[PDB]
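For reference, the chain that follows is the form deposited without the partner chain, supplied as structure tokens.
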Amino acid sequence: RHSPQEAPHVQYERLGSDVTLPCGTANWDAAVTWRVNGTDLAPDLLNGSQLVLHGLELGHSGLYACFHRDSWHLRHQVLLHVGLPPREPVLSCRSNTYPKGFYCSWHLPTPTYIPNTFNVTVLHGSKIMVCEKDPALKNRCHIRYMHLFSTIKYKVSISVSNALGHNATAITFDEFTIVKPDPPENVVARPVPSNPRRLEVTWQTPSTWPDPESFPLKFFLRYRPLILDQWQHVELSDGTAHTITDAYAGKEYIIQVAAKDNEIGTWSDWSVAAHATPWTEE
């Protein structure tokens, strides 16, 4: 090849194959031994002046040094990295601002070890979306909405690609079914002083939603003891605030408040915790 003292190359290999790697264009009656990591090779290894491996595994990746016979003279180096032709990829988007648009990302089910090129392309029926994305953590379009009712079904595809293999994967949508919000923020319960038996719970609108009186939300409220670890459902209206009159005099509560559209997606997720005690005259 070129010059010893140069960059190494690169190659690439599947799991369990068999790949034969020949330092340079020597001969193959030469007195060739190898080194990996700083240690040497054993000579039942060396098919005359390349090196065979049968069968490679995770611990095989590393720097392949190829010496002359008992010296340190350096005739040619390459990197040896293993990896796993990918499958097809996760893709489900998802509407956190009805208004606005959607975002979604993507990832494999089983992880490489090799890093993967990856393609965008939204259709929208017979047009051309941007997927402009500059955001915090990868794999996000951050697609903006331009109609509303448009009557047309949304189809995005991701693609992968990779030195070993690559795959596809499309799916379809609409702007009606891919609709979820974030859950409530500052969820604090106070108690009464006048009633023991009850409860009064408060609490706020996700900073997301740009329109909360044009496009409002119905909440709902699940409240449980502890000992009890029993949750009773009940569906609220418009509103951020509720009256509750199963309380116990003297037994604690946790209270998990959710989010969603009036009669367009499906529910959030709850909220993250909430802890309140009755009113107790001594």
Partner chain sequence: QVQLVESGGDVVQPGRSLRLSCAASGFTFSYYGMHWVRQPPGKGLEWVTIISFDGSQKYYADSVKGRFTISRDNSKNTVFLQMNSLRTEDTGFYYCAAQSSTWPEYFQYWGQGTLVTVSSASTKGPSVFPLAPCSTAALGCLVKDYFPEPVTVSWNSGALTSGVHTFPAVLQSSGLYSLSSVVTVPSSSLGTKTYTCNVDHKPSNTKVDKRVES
Given for the second form:
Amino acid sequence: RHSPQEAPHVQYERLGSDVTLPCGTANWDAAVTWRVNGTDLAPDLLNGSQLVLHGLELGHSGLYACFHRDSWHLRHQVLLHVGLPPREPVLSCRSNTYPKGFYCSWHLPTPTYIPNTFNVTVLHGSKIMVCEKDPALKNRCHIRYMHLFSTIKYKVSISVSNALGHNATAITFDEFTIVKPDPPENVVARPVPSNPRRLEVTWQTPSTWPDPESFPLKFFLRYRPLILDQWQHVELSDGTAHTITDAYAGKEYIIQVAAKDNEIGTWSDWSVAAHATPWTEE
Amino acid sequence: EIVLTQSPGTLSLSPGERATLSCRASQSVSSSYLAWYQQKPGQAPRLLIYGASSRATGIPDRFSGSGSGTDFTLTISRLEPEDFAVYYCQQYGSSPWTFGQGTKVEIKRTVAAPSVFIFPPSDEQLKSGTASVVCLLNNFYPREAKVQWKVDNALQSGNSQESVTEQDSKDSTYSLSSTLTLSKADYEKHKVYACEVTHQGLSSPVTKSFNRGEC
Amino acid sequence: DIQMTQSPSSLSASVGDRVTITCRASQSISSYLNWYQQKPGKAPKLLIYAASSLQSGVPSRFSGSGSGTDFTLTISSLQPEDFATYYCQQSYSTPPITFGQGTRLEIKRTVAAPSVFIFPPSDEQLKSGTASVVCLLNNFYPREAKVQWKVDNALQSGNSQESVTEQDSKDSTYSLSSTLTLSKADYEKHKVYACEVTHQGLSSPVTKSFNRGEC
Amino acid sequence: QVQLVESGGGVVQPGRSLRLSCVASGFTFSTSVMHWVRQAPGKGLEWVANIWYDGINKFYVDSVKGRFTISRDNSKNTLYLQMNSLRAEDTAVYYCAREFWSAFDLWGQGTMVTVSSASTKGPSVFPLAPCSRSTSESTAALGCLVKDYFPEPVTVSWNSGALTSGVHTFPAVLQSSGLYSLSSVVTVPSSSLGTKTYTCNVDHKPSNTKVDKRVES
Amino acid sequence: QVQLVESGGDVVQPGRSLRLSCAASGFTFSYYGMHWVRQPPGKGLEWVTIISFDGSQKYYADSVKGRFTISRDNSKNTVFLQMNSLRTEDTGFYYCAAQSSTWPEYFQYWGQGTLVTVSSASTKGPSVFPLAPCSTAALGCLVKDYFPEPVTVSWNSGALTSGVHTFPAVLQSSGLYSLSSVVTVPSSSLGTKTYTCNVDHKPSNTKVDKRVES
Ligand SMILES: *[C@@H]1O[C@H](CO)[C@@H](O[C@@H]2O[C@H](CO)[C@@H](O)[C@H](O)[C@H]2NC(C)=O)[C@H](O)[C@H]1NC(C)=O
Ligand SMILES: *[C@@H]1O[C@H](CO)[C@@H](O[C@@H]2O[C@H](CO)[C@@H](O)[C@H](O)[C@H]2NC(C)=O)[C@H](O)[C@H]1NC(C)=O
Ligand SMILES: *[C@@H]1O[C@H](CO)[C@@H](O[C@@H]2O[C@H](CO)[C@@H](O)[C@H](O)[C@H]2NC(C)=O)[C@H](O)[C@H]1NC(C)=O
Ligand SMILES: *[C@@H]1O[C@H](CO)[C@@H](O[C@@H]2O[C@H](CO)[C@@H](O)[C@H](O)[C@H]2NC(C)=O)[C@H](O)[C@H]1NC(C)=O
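Please move on to the form solved in complex with the partner chain, as the form deposited without the partner chain is already shown.
Next comes the full complex, this chain leading.
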């Protein structure tokens, strides 16, 4: 190779493959020894002056250096990395804010040990989109809406490549099936001294929704004791308040609620928790 | 590797009719990554529909596609004089970029009887050391036709080449050129040379022959 | 990348003397240096590899020392069969392999005076269109010499080519020849031609002139 | 407007090397994926190589692995393709793509690459005429034959371009001798063979050969 | 016993490409790597390219990158060098060498080399002109406008060799070379002793004799 003062090269190989590592432009009948991480190898894996590796695994990656026989004079260096070809990515778009834009996440099912390159292209019919990204994460560009009730479906495609292969995937959807708000926060329960079988339950709206007045939501309330394991399902109308009348006398409870728009979207995840027992007269 | 099979090989239709093409794969196409192309004789391919259901920028509204998984069909509303070309399909998602065999669309007309002519080798080529006998076919239709060579009632095989031209612009006919290549030592040994051509527009095969040494 | 610098580019010394050749590099190289010997009209021959290891079949008078950035090629006793050009090659960075500019060794002798002569153009040179008058230098030493071309004490520049010979095998002298190329117009416009040489062994420049129409 | 221009292809011998170039214009070359698609004479398309926008990831087909090398330059908006150790099955017309939706959106005009040891030779013309002399049907046929020429193409004209009705020039065929061959025929009435003269003009620019033949009964 | 021969070098215009051939013998050709070093006339050596012992690693210099291509066949022991887009500055003697197997590496074997002249000027015939003055005198004849080298100059059918100084060829700007030969004999000879030079040229088929006398 080049001068021994150089940095080692980067060479990627497959898992279970076979590859030979020569000592640069040296001859075949030259005295050459190899060392991995400072440990010398056995002469059984040397085909003259080259290094022959059979059955590459995850433990064969590292710094392979070429030295003179029984010496510390460096000749050639190379960094070997073992990885797998990429698989079909898992693309999923979600509209956390219906009046505003949406976002799309993607990830590989089987992890790879080498860096990857991703490129996403979003189409609204025959037009082009930019999807300027502003997240704290990556692998998202947050496509922003421009028209409403356009009846035209969106097309998103993400392509991934590697030093050993490449792959791509694409999905299609509308502007209504990807709508899913965030669960409400600070769901607190309070006792009621006025009634024996009562519990004050009040929640809020998700902070991500910028325009809730023009697009109301429907809440699904679930209240259940801690020992019966029999959950109850009660769907509510417009409002962030409820009143239960058939709860326990003294035992604890867990109440969780979700959110969903009036005509579009899907049901959201449940809230964190709730714990309160009704008042006891003594 | 996924093999793309198109059917049929050649589609003969008149301008103003509906032309539906097909391109069947070996496995299911992932994410509907199928494209259609159009290539004219002597030009570059032209992308028509990407994703098997989305037209490209500038492509007319008469082109339309559909399909799911393995069986995809390309349907044209009505044919135009500039719509007769070769179309291909592209597969991606489960293998590297591969193309199909191709489908040729030609103009349909009435059957025509060929006018067969035969030409003996010239004296210059004979004195050089080779003898080529050419049998000419002119203004025939359709393309399906074969020519039989007979050298003194002996069928010849493996020593003949055929060349055909494209469709004409006015009458939309064909013309084929079959040649029999023999050396000087093989030409003067025989006496007669015949060219028998059969065709759909002919009741019985026509035979054109000449005798060596009298012309 | 690595640039090799030799010092000096030419050395003159007699036989039996100690000659030292220096080769300088652009960076720090441990021992990756090779010394070659190339004679006029033959391929180069390796003398010392690793700058300190003599090759088999090389006399013991050759030696090499130095490391890091500066090296040294020394000869104990100079022999008549040792006058040749020497190069130093680095084997640290590949590609590229860089060589030195070369160091040619010459024979040492006393300073001698040249014998200068001029030759007017011939009669066959007149009817062509150009006239070339040459000025000869013969048996001078050292090679460093400068000649003058003046037509009626007029200085010329860029209109003359000169070439020097190698060292003679008997007394190791030099010979140089310079040709003045001028067409017939400028040749017939002037009449007097001169050539004066400047040399170390000459107290005053030797004058050998002629005029047109007199010869 | 957007366009792709290819250059750097020509006739070469087996075992030599070539280098193609694809210059882009009208679009952002630094933010697009480039491809190479070839097409053999009388066959379908075939993908050859692929390179991304940055230029580190490169892909090739199993038929050209170890012999071809793709490269690009984002500053000059060009696309190179180093072809080494060319064989007989490498004769095709290469193109360049853009891969908008994995569909090869843009294409170039192409470049023909011929890899053979045909030992370039000038063409030869032989007259073709029916040896029988029959005036039964009022229409006859004549022509001139061209054989043993290399490379393509060859333009054939009749009467110095004064005759174009009824001329049928057949495409060139690749014989086993490594040289091409074609033929030209003209359909003229039978009475026009005794007074009017019919000459075919054959030219070959790679060899600078112009040979015309007097073809008549 | 190790022999290295080269072939494929002569005058070629800068518009055509050339290919060199290097056949090795006397050692295991498959175990050694072959080098290529060129040397222009009147200058030092210059490395060009390097190929591995098997044929996987190939490196070229920036001066000939993109135009040269090196290959080798271990079965027939022949080295190839496809030189494309030649130019006049590429003129010089190319040498076929092989690296060493020890440490550090060096050039162990060398060949006789071949000459590759690249100039647009084609073959031309030489024209001679006598040179005579107008003690000890000097006589000679001038040779100009010839291509290519070499040219044999003798005097009196080779019977006179003392005092003859033939100058090397000078590449003029016209694409042709020129040289001269001077003979110095005592001044008591110009009355009876007449001298003539013999110029020979094999490629251009030229043999010219000229009687030099004033
Ligand atoms: C070292 O590598 C060489 C090259 O692959 C091996 O030589 C091959 O050996 C096999 C079986 O003996 C032959 O079929 C091949 O033709 C040989 N190739 C060449 C180029 O000679 C050699 O056997 C290897 N040696 C060891 C100890 O592994
Ligand atoms: C040589 O040393 C390197 C550096 O520690 C090793 O690379 C690490 O290997 C471990 C074990 O798989 C991983 O958990 C680390 O993430 C690796 N580090 C990096 C930076 O990649 C390598 O495995 C060693 N090789 C051998 C043969 O011992
Ligand atoms: C993209 O990823 C898919 C999914 O892994 C690959 O499809 C697999 O390909 C392998 C090898 O051809 C087969 O053994 C599997 O059965 C395939 N699985 C499925 C679900 O199709 C596909 O080959 C990848 N594409 C590229 C270009 O690497
Ligand atoms: C593929 O991805 C790269 C990187 O994300 C894109 O390059 C970006 O292009 C935009 C607009 O042209 C620039 O503002 C960025 O600065 C670029 N980033 C980098 C790292 O260069 C490229 O445009 C994508 N290509 C396609 C077809 O989507």
